[PDB]
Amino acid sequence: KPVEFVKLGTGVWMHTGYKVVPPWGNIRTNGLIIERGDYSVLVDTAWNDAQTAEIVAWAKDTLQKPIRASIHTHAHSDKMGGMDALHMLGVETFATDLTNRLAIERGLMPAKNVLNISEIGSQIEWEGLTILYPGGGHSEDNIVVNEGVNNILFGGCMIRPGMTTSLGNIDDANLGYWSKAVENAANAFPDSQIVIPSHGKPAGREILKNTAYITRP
């Protein structure tokens, strides 16, 4: 069950790695590779260093656009489990200040560069993407990332897969605000008809609606 790559749009790729989570078998986690002119940028590691090193190699060897920098969408091991590989492979890593503090607390390696988007609704442009902090949801520090050329919204773990009603790992969730965070992301990026959850298949905006329903108070 090695790392998979699939095209989502012009210059936009999904990476997927798998980890057995007992007693439930293999759980996928998804991130993105986004091409620029002669390099690429990364959204999230995979589960560990070996999977993450495969992603770096694939961008270099298949796209011929080496990964120069990355952004991490919250402090859990599906999104930051491969930080050491990124650092050793010359990738310049970015996360929010809160994400880095939580990463250190949780035994994960922090990113090298801090983004300051602590207020709900804060948005910044990063490497041609829009990063939004929509408020706490799956994790207090969760961020979303929008690719406005193809109109692809990376919801990460804040967006649940398909029509599930399961909530996933809620150890760090903000159960009170999660549905509002989803609405905030949906309202910020109305043109994005492709939505990417971490733990399921690419879908459309129906997975924003389903997630907001199943997590609503």
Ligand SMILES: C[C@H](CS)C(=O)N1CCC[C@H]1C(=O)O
The other form holds:
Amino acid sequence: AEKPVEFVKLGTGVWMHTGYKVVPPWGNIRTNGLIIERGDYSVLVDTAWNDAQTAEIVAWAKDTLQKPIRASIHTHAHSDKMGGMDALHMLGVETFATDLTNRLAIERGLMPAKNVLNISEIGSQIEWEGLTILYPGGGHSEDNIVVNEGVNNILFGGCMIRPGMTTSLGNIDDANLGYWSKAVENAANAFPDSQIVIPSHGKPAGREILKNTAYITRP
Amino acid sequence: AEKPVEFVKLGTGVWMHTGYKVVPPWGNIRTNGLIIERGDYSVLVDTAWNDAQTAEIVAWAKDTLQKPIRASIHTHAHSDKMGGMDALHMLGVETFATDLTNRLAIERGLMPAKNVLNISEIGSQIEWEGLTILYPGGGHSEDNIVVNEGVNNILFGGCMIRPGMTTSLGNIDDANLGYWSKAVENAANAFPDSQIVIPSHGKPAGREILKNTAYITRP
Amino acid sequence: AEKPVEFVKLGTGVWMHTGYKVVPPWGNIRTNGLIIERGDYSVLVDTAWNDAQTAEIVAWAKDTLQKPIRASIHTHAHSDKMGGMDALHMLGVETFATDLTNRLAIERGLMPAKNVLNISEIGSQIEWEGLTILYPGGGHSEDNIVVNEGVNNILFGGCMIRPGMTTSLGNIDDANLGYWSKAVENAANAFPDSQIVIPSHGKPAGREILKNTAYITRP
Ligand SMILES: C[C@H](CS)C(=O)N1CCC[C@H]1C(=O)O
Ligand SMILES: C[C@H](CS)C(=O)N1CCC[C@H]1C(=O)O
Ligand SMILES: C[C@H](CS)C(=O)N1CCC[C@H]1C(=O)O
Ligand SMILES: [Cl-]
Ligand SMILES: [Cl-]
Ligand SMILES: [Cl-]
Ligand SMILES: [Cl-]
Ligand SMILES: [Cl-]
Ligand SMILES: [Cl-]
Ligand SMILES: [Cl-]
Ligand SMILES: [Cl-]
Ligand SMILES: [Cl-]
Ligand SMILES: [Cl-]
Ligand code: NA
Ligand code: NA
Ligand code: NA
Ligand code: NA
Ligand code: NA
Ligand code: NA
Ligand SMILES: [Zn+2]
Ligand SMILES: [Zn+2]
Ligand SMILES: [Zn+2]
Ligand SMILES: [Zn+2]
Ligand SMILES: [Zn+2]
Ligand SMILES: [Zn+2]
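Requested next: the structure of the form deposited with the ligand bound (the form solved without the ligand having been shown above).
Below is the whole assembly, all chains and molecules, this chain first.
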């Protein structure tokens, strides 16, 4: 049985959303994203697994925060991050991703974002709705980006950061195994003040999961 | 003189919209689409002939149903189904069509939908806002799709289904004359429980207009 | 120091917005666009220089006119006219430009409009939200369009019309120097009743700045 959606506060105006999917043979697996408050609206980092979970997140921001989701960013073209795009579009959310993420999404039967983030070179950063978005180079995926929230100093690593003290790498079918550890180092060096690090597939932690991920994926 | 727009109830939460256009030499000709209620919003099947008629439909859902139109689907790339796209986009409606419909629309000076429905193979179906959307193969047009509403068992055949007991085929300049009768059979077999069948260019009827259309367009 | 945004009434339901940018070595330079009231909403001609200025314009229409901006048109692919596209998209404004303007925008790192205006041949006109949009041919830029408001007879010339009695042409790096004066003549002949003419980079004036622009850019 699929576990229900969860919301947890990470800092002032910053919330984690978590949805679950049963993936045989191992069963329920979480994916995490963020809701970030922006005055009288909010912005979203990643969908959950599907439209229904994602619609529940939009409703929660509207009805609990009283700060409806205006716009969203997507941290790579897999179904845990873009599985609920149709729900975002029907609910009036303005969606953003890199051109490479959009192209990969279309190829895979995912829906692309409506707007392009112009960050394609390794190390490129842009400011978006008070967040710093960084392309650290290919790692978990060639298109993975990370998102830093500088008020609370929360770094969203998404699926590029592995959970806990695992030594498993997750699904690596389209990973950049050669560059992933450098990409982690690039993110860690870009955002040195962030002591809260969020992976997609585990619990919120500290910078030890940057160090551990870089070690377990290093050549 | 162009006859005005009309709304008629077909079943619980399902409404037909009808707009008219004077087309010489024969004069006024109707086109039909649907409004389908979805909780506290509604969804739209097809525009009417133009922006003004389509804006009237959007206003009617907002002000009479108190269920504003959130999203729409378009059943092929002709001006009776996509003539009012600009009005939908300006009124905040999130529009959906197949990739082939969008490509044909652009070619013809029509505006494409914002989102792609991923149904391109003959017989492919998807669920969309509680509706079943089917691509039955080429018939009236290569891109024609049909839409089934399973609560009331209403099958929207659009222009692929001819009205009444006519033997005329309408404009066949880009019809698939070889496959059209099979496409009708495919729709009839896919939705056997639907005893209400809606053509674009005639009155609501029963399954006899599926049988008649398949006969008059058969090789 | 960058001067703040300004709003001035030009006629019934027609407002000019003006934003400033410090461009060394000459300093602050204005750019002008329009807000045009449309019943219980408004439409926008051009962004200002950036997202922040453009968001201020959207808020002004919402809170002062009580006629929120529903849609916008963009008169060529430079940053004074499309520098605030991301703000328009996040604020729910439905954006329009020609296909050529969108293609040039993407090339230049600007964000394209969501919808295409189908005017690509010299002299083509379309009606859009009660306005007449004309492509007069290449002048300041190959893609420049002009916008006429026929109730007050206000012609928005954008950057194709130079300010005042200047003899400077502005930045001409991608101008059509051969056709620009004819393009001005084309606009003047298309909208003979407009005695208010708005350039992007100077004060509102009369038809003397059409005549002066045509003279100073003539072969
Ligand atoms: C569909 C996701 C995209 S990152 C995936 O590949 N999974 C599912 C959860 C983690 C990882 C895995 O295979 O271990
Ligand atoms: C413009 C429409 C698109 S199905 C059309 O071709 N018409 C107009 C109404 C019916 C049919 C015909 O020519 O008979
Ligand atoms: C960025 C704008 C686009 S029309 C520009 O080229 N400018 C800046 C203001 C006028 C003109 C100039 O160089 O003089
Ligand atoms: Cl779902
Ligand atoms: Cl995936
Ligand atoms: Cl963990
Ligand atoms: Cl119209
Ligand atoms: Cl047509
Ligand atoms: Cl869009
Ligand atoms: Cl009939
Ligand atoms: Cl800005
Ligand atoms: Cl520019
Ligand atoms: Cl001046
Ligand atoms: Na989805
Ligand atoms: Na900080
Ligand atoms: Na239209
Ligand atoms: Na049923
Ligand atoms: Na901008
Ligand atoms: Na007039
Ligand atoms: Zn992934
Ligand atoms: Zn993942
Ligand atoms: Zn048709
Ligand atoms: Zn038709
Ligand atoms: Zn310019
Ligand atoms: Zn300019």
